[PDB]
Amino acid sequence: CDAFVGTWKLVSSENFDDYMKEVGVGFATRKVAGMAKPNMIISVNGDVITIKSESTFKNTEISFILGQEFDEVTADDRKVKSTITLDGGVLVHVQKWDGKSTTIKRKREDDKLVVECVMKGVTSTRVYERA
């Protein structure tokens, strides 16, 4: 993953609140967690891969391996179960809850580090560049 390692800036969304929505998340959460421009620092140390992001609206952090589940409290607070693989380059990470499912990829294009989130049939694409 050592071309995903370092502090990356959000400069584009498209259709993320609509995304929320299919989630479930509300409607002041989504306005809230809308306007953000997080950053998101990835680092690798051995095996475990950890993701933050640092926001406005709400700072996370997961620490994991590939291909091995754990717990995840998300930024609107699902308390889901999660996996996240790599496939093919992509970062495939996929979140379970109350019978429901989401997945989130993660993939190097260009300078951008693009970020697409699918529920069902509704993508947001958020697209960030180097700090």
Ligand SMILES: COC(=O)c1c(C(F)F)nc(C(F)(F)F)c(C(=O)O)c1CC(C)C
The other form holds:
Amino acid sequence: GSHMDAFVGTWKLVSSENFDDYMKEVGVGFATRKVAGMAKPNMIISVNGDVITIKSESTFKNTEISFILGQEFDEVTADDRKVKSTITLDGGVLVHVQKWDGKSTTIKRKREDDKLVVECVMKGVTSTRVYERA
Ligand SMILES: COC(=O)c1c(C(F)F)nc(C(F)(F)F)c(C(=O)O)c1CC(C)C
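Now show me the form solved in complex with the ligand, since the one above was the form solved without the ligand.
Up next: the whole complex, starting with the chain shown before.
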């Protein structure tokens, strides 16, 4: 077992706040904001050895990343940014930093009660997206 295993499973989005504003700050265009903002993703998190896989599945896109904690990787995001990503596990929180074009956004994933809470930050704008087990 590992501490990280409280994230493993299949999660469904139950609430979102300020996601349109977060996407605007990231630079997402109008049409993608509208369709992606309507999405109700499931988040599938699995661990096999040192490799963590996180999939976001929705009517908009199916996206999947696999990574080792602390080891940078190239990621194509749902809005088609080509970013350099590093994910670490710091005090029980998965911290995902994406770098591109001299910009940075950080996505934190935390367990709180029976929720998995995703906090997304860009240039002072936060979105909070709350998931529960499927
Ligand atoms: C900048 O926004 C994104 O990168 C993004 C977009 C959007 F860019 F298209 N759409 C979606 C989804 F709702 F469509 F799934 C997600 C998501 O996984 O929730 C994300 C990831 C984000 C919550 C950190």
